[PDB]
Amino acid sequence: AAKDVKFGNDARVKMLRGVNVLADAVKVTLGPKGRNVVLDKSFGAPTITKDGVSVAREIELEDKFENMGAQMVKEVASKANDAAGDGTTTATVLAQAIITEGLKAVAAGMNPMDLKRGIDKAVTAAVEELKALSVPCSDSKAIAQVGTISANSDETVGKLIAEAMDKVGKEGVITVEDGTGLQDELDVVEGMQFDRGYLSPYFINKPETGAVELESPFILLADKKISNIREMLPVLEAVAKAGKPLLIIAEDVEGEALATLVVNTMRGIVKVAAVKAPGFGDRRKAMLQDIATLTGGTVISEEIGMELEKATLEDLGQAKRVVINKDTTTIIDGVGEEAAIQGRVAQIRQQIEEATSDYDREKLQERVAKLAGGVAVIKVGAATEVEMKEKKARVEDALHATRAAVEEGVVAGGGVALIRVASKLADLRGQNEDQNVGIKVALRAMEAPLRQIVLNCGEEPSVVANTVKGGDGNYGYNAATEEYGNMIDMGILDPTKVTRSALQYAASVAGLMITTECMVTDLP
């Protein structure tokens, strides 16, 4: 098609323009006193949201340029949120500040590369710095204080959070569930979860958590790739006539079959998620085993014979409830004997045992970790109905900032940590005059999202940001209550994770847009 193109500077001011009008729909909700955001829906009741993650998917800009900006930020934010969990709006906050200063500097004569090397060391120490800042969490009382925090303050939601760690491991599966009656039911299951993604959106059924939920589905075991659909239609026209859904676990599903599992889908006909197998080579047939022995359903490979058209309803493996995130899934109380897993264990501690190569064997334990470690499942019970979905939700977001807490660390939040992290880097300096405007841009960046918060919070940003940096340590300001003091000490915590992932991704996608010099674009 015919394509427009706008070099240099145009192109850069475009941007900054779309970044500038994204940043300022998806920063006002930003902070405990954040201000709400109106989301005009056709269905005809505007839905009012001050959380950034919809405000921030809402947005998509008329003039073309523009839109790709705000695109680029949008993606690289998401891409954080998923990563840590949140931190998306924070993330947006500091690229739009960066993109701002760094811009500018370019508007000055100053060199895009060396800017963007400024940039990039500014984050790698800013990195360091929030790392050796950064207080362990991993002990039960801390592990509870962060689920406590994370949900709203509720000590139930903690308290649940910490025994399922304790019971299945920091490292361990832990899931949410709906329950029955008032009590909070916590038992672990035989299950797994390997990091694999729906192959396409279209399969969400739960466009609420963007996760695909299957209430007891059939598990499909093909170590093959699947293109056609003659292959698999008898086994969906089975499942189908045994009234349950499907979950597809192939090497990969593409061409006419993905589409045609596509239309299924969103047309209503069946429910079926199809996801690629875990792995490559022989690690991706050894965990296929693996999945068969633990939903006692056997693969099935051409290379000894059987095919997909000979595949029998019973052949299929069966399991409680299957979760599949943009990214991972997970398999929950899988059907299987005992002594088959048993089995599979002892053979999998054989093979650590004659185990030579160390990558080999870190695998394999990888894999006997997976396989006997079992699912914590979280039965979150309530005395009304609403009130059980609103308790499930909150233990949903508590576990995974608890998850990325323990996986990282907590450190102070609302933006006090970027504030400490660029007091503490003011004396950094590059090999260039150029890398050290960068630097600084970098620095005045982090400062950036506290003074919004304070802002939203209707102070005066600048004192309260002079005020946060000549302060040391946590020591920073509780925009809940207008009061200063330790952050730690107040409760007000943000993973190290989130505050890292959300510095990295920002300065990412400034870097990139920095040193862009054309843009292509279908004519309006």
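Numbering follows the first chain given and starts at 1. Each form is matched to the other, and the largest set of C-alpha atoms that superpose within 1.5 Å is called the rigid core. Compared with the form deposited in another entry:
Among the candidates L182, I269, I304, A108, the CA atom that moves 2 angstroms or more between these two forms after core superposition belongs to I269 alone.
Since the structure above is the form deposited in one PDB entry, I would like to see how the form deposited in another entry looks, so please show that one next.
Partners and other molecules omitted; one chain follows.
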């Protein structure tokens, strides 16, 4: 009902102090010599963690305006983590630096619009410089190296990732799953992955990764929107009597159907997951047909008179494993005739020759490559099961890091890339002097994360940052060994995508907060 409103400097200082609390909580964990943050748990055993993700997720300030500021910075940091795969702490500390300096400038009387424009100009220049400075990661040796560093110096993990990407390609779909035995088994199976997520997070079976993982499930491919249930209840009865989980891939399943599916899933009487149909228009129908051919089943379409009432087990697609993340889903080893797959890829290639528009042509290349390439599975082997779990988690993290490195490149890790780019961009200027002030704010902000890492290491940050700026290339300061040298030589590297995303999202949130003249929140 009644709401509190803050205008001008009061709202901005509220946001600044909230962001300060969040960044002070998170940034202490940054760096190889990170600090420990105790997250008190109501169950009884407090947890000690050194990752900024958990600390950021667990923070919620009591004051309303402080809470809003901290939560919005946390939201943009989580966006950076979801996109790049890492760099939440770097994004948070960069955002804190930009916000502090920009608010100090605004309080002097600087124009927020020009400050934001200068900050964005500096950030775009920094992204271009990072792209220029990035070391390409295309050789299998470089892939193995990125795998090793991304997995705490494990040659086996890097070798597995490198050979998996060799078999599936740089852009191929590669997934990791638990495997029996001690040795690591790598196999390739016929499957596909389309960028669609679960309609509700209530279907999640693995809270560790938030992935709806299904083993040997049935998939129901519907060409029509589903709102009611009574037309499709026999499908639920059939999958229940079959005893195996069911996957729903329709144009959209929402309303009472989604509600009853979520309720049943929480009840546990039946385990059924629903994911939206990829694409739209005729493309959606084409890829639904592609998935139907992959799974050996058929799609139910209202236009051809095939109702959901007649949908039974014989016309129900079946797979081996299904992994549904927040944004992407993966069907693995869908059982189906190889002749059908060959016919489908041949027909799509034909359509490629008699395609005319470039957009349709590139979409057809994407579809045929995705369908024909398949998905390889890497099975983690270890002596003890807990070791298998930790190794599989490390393999997943290393796979994400390697994928990011392939997508963008590899730069110097430990914040050296950002400070090097900031030193390189010392002479950039904008139209207004306010834009120059904003550019200087951005430069100091990109200098900040290395200073924080050095401060966590215990060394003084000023002289170390000055020495790193004095050098050129990937030369910087190693926090672990307290020595200088080339980061790629020392192996301290991060994907260019991670650094670029952290910088971009910190810039976005800083621009949003600097240009905020009013806050509205519920009354305490």
